[PDB]
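Asker: Residues per chain, in single letters:
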Amino acid sequence: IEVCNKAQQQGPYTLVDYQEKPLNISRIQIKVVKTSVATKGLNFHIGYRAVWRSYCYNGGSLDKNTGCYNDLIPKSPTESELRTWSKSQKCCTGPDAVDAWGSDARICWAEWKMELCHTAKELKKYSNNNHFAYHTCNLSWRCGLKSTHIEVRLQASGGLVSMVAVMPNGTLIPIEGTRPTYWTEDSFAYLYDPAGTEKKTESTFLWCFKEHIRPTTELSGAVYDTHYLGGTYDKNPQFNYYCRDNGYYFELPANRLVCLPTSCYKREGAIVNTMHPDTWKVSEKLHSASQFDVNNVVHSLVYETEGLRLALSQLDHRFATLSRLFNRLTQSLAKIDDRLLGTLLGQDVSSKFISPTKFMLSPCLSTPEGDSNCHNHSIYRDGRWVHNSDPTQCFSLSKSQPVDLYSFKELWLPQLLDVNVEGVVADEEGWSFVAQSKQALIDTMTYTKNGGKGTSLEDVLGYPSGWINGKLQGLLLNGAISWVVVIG
Amino acid sequence: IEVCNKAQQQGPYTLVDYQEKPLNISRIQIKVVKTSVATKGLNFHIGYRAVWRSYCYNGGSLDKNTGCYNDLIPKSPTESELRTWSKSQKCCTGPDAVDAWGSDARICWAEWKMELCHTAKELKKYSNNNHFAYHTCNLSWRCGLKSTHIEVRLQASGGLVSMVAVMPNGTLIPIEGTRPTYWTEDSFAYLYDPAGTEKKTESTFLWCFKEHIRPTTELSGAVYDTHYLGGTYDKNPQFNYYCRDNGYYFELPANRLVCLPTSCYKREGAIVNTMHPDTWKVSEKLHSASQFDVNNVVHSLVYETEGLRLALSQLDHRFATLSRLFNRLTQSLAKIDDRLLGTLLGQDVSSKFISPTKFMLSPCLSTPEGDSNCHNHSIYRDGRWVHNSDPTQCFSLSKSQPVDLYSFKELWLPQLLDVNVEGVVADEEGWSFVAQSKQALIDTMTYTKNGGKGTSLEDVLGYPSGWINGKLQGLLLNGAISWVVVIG
Amino acid sequence: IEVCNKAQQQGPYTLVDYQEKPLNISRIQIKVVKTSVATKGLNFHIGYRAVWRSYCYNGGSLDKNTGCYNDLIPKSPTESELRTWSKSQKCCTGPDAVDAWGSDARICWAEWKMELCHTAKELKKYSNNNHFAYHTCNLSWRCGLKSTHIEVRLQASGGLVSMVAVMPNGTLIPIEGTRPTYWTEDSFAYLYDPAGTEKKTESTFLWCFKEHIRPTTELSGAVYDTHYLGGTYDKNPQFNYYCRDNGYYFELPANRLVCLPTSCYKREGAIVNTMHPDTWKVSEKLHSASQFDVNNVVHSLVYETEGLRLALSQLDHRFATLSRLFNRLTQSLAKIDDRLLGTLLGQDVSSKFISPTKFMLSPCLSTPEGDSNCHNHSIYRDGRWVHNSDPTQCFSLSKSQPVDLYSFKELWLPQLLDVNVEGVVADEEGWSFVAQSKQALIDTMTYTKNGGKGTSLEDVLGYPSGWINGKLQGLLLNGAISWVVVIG
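Residue numbers (our numbering), protein chains in the order written: chain X, 150 to 637; chain R, 150 to 637; chain D, 150 to 637.
Mixed in with the good hints, there may be bad ones.
Since the list gives no way to pick out one identical chain from another, each pair is judged satisfied if it fits inside one copy or across any two copies.
Unchecked claim - Straight-line alpha carbon distances no greater than 25 Å define the calculated SDA-like cross-link-like pairs of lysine to any residue that follow:
1) 501 / 532
2) 213 / 451
3) 430 / 374
4) 183 / 466
5) 270 / 344
Rather than coming from a laboratory, the hints here were simulated on the basis of the structure.
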């Protein structure tokens, strides 16, 4: 048994996120100039708008013809009058007046354009028609639909390489480039304005490492060196530098803008080494004559070797602490997921834990792929393949993209949806259906009861005494009464 | 709330399998000759068969004695006439004729042997008895039971060390050695034939590394070197080579067949180093006099050190990307599995997440082991220990084997089973019972209803109006009628 | 389909725990003197007790006044008479006699102290009152409440730094320091006695590594060396040693007691290097003049480099075997947990696997925090936020502590609870509610039936024929009978 219930409940705990502890093996630093939109990059680059139209002409009930257009039609232009919106930076609403008619009906039927900016202007959804044989235009010029009230979905703020300038773009679905951020906009037009967007332009050094470029030959089926076969050395060598920044390990070139997300560095070039003035003279002109003194070079190397050794040691220890917790993670999650030990072993089998240390393998084997999820007998839903009752829900299974779980650049877009906001204890779920309906199931077992004997042949059909059969017996008995009506 | 439903559904994604990116730290290559059964190794080594017998003698109803043997008896010989089956390579079916009698009854009762091969011969399951007081032999010589229509279970094709020759064996349950593969066979005999089985015998170089063998002393409680205490050097040293191949890291010996699965190399020996002609002269006769020139040796080493440093850097970065995703994997799977943080911490406790960052520890402690799953009060099934209703299902819990999750050599064998093949949306499961019966539970809650008030004292016993009690009231009332039969 | 059922069930398997395989890169050993309470440290340091009192004076029914104190009051002193309990080492129970009265009532009302030790003395829970207008003292001096019958919860046995001496403390909730172990005690007092507690005091060498301490400057925004800018060397350098022991990687100081759990070493100092007598002369006075001979130093380094290279190789291979099994672990657990790929990618989205290789992302976005789990509309329970029926169960969500999943020092304390002991197949659970009630749900679907047609308008209200309505029809019909009582 041992259902450990709650009396002496402890203090709450939190699993702290991983903090990077880079090894101290770097010896060379460069001079770079970081830039960052990110924080001081709140949202602005172009715009958004929205348009309502409501022109109508109430024909009436005799002249039934009223073919009018009270509709939610977002006429969406682009950066034409944005440099004038930049002088007001708000919602320029056109004619909010309604109920035009006849010749001067160019209020709710005219050009859907923007002239007068208001702070928090909105719509009234004009629909009132009261002019028989005349026109009732109902354009309130809808205003106000922004963001998701917290950031904006479909992208985050980043920079892109543009030879020299850093683009505030990022280019996925909806905007210039295509890039939505903190709070103005959803679509194309004008409502998108400075709220803190700048470029920090710092100056850091970016601890790094170097790599020599030695030409190679491909004689026979091997890879020699094209400097060791002939015995000649290399004049004017070239190196390649790899730098490390926050959670990032990239390759700094001579003069470019290597921007993976949101630092988008560019190099200046100072190169500050800290090994030894005589090991920085050997590893720049590698196999030359030079003037190096051995007595120092064979010293520094010793030093360096020790450091490398120590580095390995730390890694080993860390690797151990990662090789144990994983082994304990496949012994407590292999009891829930059946095909967990039938994925780590390559083959396809199903496990079954009979003992808390002993499991047993049953070979639930494999199936082909390339189908369309509608064929003779099987479909998926959650993980595998057992009975339902045929709603015919094909998906057609189009072609997919790679995601590369380790190196990730993927975000963006809404689907539908509402929020998960605050409180009132009626709102209880977990991860899936099984905690979506945990109260309902408990209610079912408790109230309905497993039903060992209670449901007494009630599951037969839909005619228990049809109610009024008993009622008609009742009426006929009531006549038996009356007593054959007191003896006729 | 926020149940994110589906309107703007994205493109399908796929998690790509891991691609190896070995570090460029190797400097020595050897000359090997790979061999591979694997692909061009389809199935063949010996055989399979199956036998039906049906000799009968219909005594009749008066002479009840009919003790005959229409049975599925697979008489299974071994490699006697296989070299003749290799001249036809098909199912040699014996006498398909039936209904023998009397003296010449040696058709369906005689030696169950194989003579005439047919392409797709099968059985008829002869059972017809029509000869009263005579014999009705019913041997169709059953033919046709092969594989699982996709590969063959119980093994895959590999090679084994046989001094010189590579065995196509692999030796687990059923065959020569014991090794079933692509498609002929299940059991012992003859039906198993060449379908593409060859040995490729390629020639690769297998990037590798070396290790020196220095003798050690055990003075006091330490481990010295038996070359540094006395100050003497080593003449004619010996090295040990470790090579790396596809997902494999093994130790190449002088002249052997080191075959871990399915490449089973063997060495020729060329040794092609790419460090320097003067560092390959120092690391072959280590502490000798030699003729090395310092000016070059202290250069190359510098080079080498840089490379090693760079290697560490890459590893560190990769390790970071593995130390974060794991930390995020124990914060979203610790809400489903209760005893997940009570396994990673050594002790036994149960977690409870009250906040999406805060969890709370309850100490569901430990139990002993060595039981037989039937004792006073607890059993297991899935993970732990709470109420059922006693079917008495002991397992007796025999002794187990180690699997060593990291280094795996384990496969093989069927249990029962059917296939999971194509379509029709009625077939919906996941991983366990909880998606085995997801439609049934939803149907239960919807149709049956939680039952707050509906089940009105119906769960009492099995006698609602016994139906005909109302019916008998009805009959007696019908007599009240007749009207006491119109006033007698 | 393919529900792989069980006919040919294999041998049971066990996932073996991780065994450490440290790399052979160490070259320096120290001389330490380990100590260990741990095994030969069974429990003892001070004590435990418990006290019952039962003095009463039965007034009766007329003189209702009986204000007496039969109570479970554990009067808990501390180490006063423990040095006398160390001469008997058992439960010293006071006066077990009861039923005192009048002036000589100092038996069950007097000082609750300990005088006479008995082997397995217990309580009788005296409550019998029989003396009207006299006193009935009922003190049995309760004895016997120890441990949890297996170890003692709230701590394990460890040592703490006390300048020189090793404390058997560990200091969490209940005892000297505060530290409970194998079996005597729960609370403060006397019952806690030697059962095998000693200190082994071994002598090991603890393979280790060194680190040089080079001063650094902070000119501009870089980190130079304060020995390379001026070109001067360092006299009398100082090193820092990092040692590795069982699953532990710590830093050994000059003369201290660095005790992380339960070895609590302290250093003696011998330093036994195995590199070369001339590389141990270069790396002690680093940039000095010395007397080193180059011809040997440039040899040993080569050797060392090879070793380091080989070490990296092994790590790489191991890292590969950890980078694959993880990738296969997020492709079979992402089908159960919805927000598993919406945690590894940083952003918040919900996955949906339509194909066994293809998944689809729906953006279930984020919520704020800092709440008290009772606000307008949402609460948690297991993982997320959907409907319940309002029990008002606020938690108030106090502040939490960090746990640092990798480096763990955290244990201790009970809550409630019972044991999970032996057998009888009625006891079946898994990890949560979903296997807490797996038999009940199956019983529900089977017995109650999904209810397509059976529940025939029975879910209306609580009045089916109110039973006796049919009964009263019956009585009135019985009068119709009697036959209007045989024609009046």
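Asker: Take the hints in turn and mark each one as holding or not.
Answerer: Evaluated hints:
1. 501 / 532: both (17 Å within a copy, 10 Å between copies)
2. 213 / 451: For residue 213 and residue 451, neither the intra-copy (99 Å) nor the inter-copy (94 Å) Cα distance is at most 25 Å.
3. 430 / 374: For residue 430 and residue 374, the Cα distance is within 25 Å both inside one copy (22 Å) and across copies (17 Å).
4. 183 / 466: between (34 Å within a copy, 21 Å between copies)
5. 270 / 344: within (20 Å within a copy, 79 Å between copies)
Checked against the numbered hints given earlier, this structure breaks only hint 2.
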